[PDB]
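Okay, so here's just one chain, in structure tokens, the form deposited in one PDB entry.
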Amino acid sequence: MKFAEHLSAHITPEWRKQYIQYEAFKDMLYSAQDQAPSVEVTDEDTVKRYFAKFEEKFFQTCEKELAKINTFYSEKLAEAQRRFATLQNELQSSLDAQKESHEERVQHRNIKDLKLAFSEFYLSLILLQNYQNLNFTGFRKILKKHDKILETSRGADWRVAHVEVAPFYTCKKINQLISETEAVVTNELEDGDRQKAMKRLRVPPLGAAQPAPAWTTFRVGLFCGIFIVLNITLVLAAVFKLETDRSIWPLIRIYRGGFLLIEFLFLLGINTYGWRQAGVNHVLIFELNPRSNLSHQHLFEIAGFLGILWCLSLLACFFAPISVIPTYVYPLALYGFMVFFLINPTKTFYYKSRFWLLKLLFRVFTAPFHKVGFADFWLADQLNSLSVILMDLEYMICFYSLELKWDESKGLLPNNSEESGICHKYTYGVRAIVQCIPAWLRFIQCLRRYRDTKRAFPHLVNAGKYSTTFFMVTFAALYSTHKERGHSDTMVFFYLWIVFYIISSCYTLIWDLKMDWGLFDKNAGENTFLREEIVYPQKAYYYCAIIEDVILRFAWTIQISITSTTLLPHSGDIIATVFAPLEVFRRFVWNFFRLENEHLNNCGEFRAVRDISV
């Protein structure tokens, strides 16, 4: 009925330019129909010749499209045949080695990677088959549509004479390859059982708009509604009922991290939805499973549940829920519940994503030794902007270990004490390393990448980009320490520090535009100050992001400076609280164009599957 959006939603992204231009043909046909003058205005010969010339040009365009499709199909078939030959040779070598302990574990890894390579090959073959079917359907539908407006029946004859003889339609090699692959997998690997072998080779409609189950959407809406109502109740309770008898700073300073985490989860769900809709293949970049994947609804549901728990804990800290449990227990219960949810060793509640995240975290935090992929440095980049949660963790540990006297009530709020503040300082040393941890991780990753791929431009400069944070933080700490000690030269520690402000931002900002986002290209074309090809439909997004990155970069250096050095102590807490939720927004904007620039490097290579070895 509606072929346009069906074709749009069933297109393989990396081959989007290799399909048929249905919409262009439709617009051309409509323009030709409208351009016809009146019967009386022009003679019948002029109308006849106009129709004839338009038909000729239409058929020339159709011939060009058919030739392009045929060439693409032939190249893909040749590539598939060569890959099959290579895989069969490797499988034969592995099986003859197996026929003739550490050797057993090596073999286990061998048939661990081989059964994945075969699955990837099967996915490629299925994608080629779908491409062929969809292209033929589009040709037939556009010719049928043409054969109605013009009322000249020349499209049916053209289809019968040209498309029906096309090799892209008359060849059966893909089906034979599929059958041989199934036979090889069932015989050599799974040893005679078609059930599990077919189960691991099933291709669900991954290249479509497969809706989520209605229960997931219902849960998302339920959690969102409870969250907004609890938020309104919390705001009213804070405004009306509570009096800040002994400050609420050790309360917001503890509850900031959970709010930041929930906001990050929500924005990540939005990011995933945008990637999926815009046509960016993040599954190939992140090296995920094409058949099993997490949609944005699951992330929204997780964020909603976490927000429900956070709001309930804050409300419990607010009024007087239980008259026997001390009020300094609720944040502990909340964070313990978060940790328990993450590291649950059972097989429930997205058990297939939590383990992947845990292994990724281990690899990230063991940076110098493990090899570096896209996911590792992407997660390290996220942790770079998510350091406020680490700061809150350190502050909460030092507040509970030393400052709060557990024997009274109202443990959390009243910090009424003599030396209240021994934790709101920096002089013992541990306030700068906690903030320099992620920069150190990225610096070490860049060093390892340069060592492996010994090409010193991208990585040594990238490694030097993260080193400016060390200089800035150490100079801020030194200036604050000498100000507290009242040295007459403290002001000089101000001066150079200020330049290490600018040298920081102007560094990273440039790397954000030229290298991370790939803008300001010399082949910009019509798109001014951008690159030649853009995925997202509107340039206003690009211009607004360019505008906002500049502003949000400058108020990242100032937040990390004011917060580690802990200076100007009358508005530092409020400014840090205000500026914390802007860092996540900046990173959320950055992710879009970072992954879009990464994706466009796989569109000139026509790569659609994750190539693997044994």
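Under this definition, the rigid core comprises the largest set of C-alpha atoms superposing within 1.5 Å between the forms. Positions refer to the first chain, counted from 1. First, how it differs from the form deposited in another entry.
- Once the core is superposed between these two forms, every option in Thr244, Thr453, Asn289, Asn344 stays below 2 Å in C-alpha shift except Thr244.
- After superposition on the rigid core, the Cα of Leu600 moves by less than 2 Å between these two forms.
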Second form
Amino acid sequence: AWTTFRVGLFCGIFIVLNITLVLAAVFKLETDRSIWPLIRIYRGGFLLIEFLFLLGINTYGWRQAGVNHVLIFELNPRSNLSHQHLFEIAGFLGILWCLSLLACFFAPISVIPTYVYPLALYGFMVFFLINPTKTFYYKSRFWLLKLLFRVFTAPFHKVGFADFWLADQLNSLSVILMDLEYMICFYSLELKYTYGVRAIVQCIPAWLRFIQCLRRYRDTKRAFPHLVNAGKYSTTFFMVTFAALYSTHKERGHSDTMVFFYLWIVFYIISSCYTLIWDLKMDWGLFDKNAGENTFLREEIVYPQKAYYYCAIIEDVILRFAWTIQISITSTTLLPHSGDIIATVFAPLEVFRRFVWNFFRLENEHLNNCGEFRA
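Starting from the form deposited in one PDB entry shown above, please give the structure in the form deposited in another entry.
A lone chain is what you will see next.
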């Protein structure tokens, strides 16, 4: 009962603080200050809070539908985080994020500069994730720490479902790593263009998934689907490389900009179509020839409404193109005027797309064992 009460309390405090932030931004903020570094700095924390909240909704939906995510994730049948616990953590972190932003906007006691409050927020987030004390969700935290270590050294633990899945979530959360790189650049040079390092950081999650697919292929020696998956995860390498080359040959003045633009366009189309088709046919497994009366769906559907699947198909079709364009914009000077806002609009939309994708990927795993992670 105390968990539900804490969830309600954090939700109410968060709602009031968000209303306060809107009012303060409209009035106190007025129209001044290159506030954009602040937006980039707080966007990643906001996206993590949104991801945690949507993951709570995902867990509730899995449990209600009967998807056995505890077995698929290889977790203990019992003593496992519920959706209320994820809501609680998300509410607490949202409260801390709101307070940090409110201080950054209201200019609190002058002894501590305003450039510490985002630092304090992220430092507390890291310490809460990493503290060795056995106090706050310590089992879940240690499991997540081991999974993150396994994922970032991807070539060498052999890939289970959770590894695979966290790497894909990262592929939907690459904006946080770019925000960290931007934070490192801004706090160092400008103090509290288009370069290869930023493109590498942008490609890092795709690199993790790609090398995981390569490891799975050397474990199983099956060209399909692991090498096809690797090609899918290399399409973004090609797209980012060509976008960066086009921005370099457009900031320098070279006449070879058009060719780099055309390869970027064709590879953007290829990446979008590749990921969309993999989402529709492999991850969710739809448009199956065995669909009797569930047109364009598969024979077995667990979720009650058939309209959910059609709406999900439409939203995924739109949002995959949105995601490819946002990856192109963030890592590349391609759109130097509107890109900024586009990225801020699109990143929560991509988190929402990953949230929708989680339902149907987990359902496909439950039914047809689409990942081949079970014997």
